[PDB]
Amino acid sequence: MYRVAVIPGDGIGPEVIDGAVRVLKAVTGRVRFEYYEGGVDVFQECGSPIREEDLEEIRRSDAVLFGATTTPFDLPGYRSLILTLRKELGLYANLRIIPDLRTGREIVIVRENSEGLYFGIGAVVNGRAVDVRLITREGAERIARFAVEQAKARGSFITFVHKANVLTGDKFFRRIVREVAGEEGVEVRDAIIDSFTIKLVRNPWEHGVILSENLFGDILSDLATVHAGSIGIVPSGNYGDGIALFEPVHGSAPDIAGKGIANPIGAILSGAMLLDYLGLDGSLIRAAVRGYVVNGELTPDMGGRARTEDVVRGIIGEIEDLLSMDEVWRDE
């Protein structure tokens, strides 16, 4: 049995996570789930967004499935639940996928999470400001090895996007990426971000595993969303040494919570990434989504008038149908 920690969060988080968990249960009985509370209410009651004993159980889980959390502008002493989990679980890498639901093409963008690669300081001393940024071989290797394993797993290659023409840290990172990839027999292409943005708009689907330090990579990960009809479809993973946390890119959207119209696709595809991470059949979820959207009604963020449940049921129906066609969907 794999043990998955479930952290629904706030607002639409619980709604979409219910859909994702129901989908996972429809594909495999090899996972069981334990649920945990986190957010402002937990902070009020214990001084931290998540309880220390819940964190300990989470650390020992095989994967985490996370919904979304509402973080107030200024609640003294409070720190974002997702930022806490990334820090406490050592989740140094973030992998975002923009899927083309019609075809199964994707844009894969790997960056470090906050403080996962660079450090240093910024300050004013009026009349002048300074920023210093430092990167090490050890930090560069760690994220390079991750992206390299991800490319290997996909039968793919790396597109390393950067500003090595201006920033020596980027030149350094590029060299390390090329070294690590070379060891593993994985092709590396590289590009200056400025011109690469044109390619990401015009030819998005053919860049393999995009890797960029987050100063530039977070630009790419947002720019790539122009190819999604809604942010509500977009999944992501947060990866560390021996554990990963999967979450939709969308937020807690408190203003539509309880309206039954949250897009569950992002959370459901995040579950598909979770299954892949555990060596299970994430592809069945993707094929089921693609099947559903051919003629299936979608939620209002995608221009349809489905309820969340209509989409969750319709996806589960596709999964069922595939699982029943023993000749068409064979094991492994």
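For the two forms, the rigid core is made up of the largest set of C-alpha atoms that agree within 1.5 Å on superposition. Positions refer to the first chain, counted from 1. What changes on going to the form deposited in another entry:
Fit the rigid core and compare the CA positions between the two forms: of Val180, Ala228, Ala244, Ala93, just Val180 moves by 2 angstroms or more. In this overlay on the rigid core, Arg133 has a C-alpha that sits 2 Å or more away from its partner position between the two forms. Annotation for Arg79: C-alpha shift under 2 angstroms between the two forms, rigid core superposed. Comparing the forms between the two forms, the C-alpha position of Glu112 differs by less than 2 angstroms, with the core used for superposition.
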The other form holds:
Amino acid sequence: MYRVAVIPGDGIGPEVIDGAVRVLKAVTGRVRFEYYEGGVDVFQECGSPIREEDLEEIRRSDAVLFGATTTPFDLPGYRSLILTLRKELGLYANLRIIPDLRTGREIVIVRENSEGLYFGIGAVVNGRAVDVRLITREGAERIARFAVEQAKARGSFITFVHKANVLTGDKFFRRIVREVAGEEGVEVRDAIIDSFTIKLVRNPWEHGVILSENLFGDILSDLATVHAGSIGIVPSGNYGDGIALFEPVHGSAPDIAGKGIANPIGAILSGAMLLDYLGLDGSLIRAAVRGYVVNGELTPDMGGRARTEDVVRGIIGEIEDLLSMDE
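Condition change, the form deposited in one PDB entry to the form deposited in another entry:
Just this one chain is shown here; partners and other molecules are left out.
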């Protein structure tokens, strides 16, 4: 069996993960699920958002499925669970796919996930606060390679988004992205981070594989979300050399926690990207979701009246029906 660590988190985390696990169970019986706590509770109790011993099982698992975690601003010494797991497990590539769920058109974003303004060199001293945006040859290269494989796989091009005009690290990063895309015969279109925000809302579907630095990607990927109607249908993968973690792009949504209305599609489609990572199909889940939305009542964030459970059952329904054409 494939062993998959599951980390529901908190807020709506549990609800949408329950959704995504049940859908996985409905397409494959080849995966064992092991549940771990994580978040402020774990921190309050142990000093870390994840326990050391759990982190050691987690890192030896085949893949991780992650819900969402509340990172409270006013809790000293506390670091985000997802940011922590990203660095601990070596997850340098973040891939976010925003779908127009009717047409099947996609915005594809590759966010560098290990460095940039997330590298973590910051300090205050004598009324001077500083954060170091670090781009590194190995970091630029590996994420460039990752982005070219996504380009190749789609017969498409790379839109590298930057502020190389102002940021010496983006000048460096651009160079490297262009070399590897050269080595591999992939086209690289320039885009500048400020004007690209306009192109992204007005002409979403024409940019191929978007690649950018960590924080830039964080920003762009939330913006791209407007073209899917809700952030809560968007999935992601966080990939490293020996493992990967899958989570919906959305967050804790603590205000609607436990009310039965959260959108599970983000988690579910993240479950799909997980099956792909293991070499199971995922296509079935994607087809099932697409199949369901043609006439299914959706969640309130999408404008519908449906409960979380109606969507979950609805999609499982499509999956059971889909099973019988391995053919």
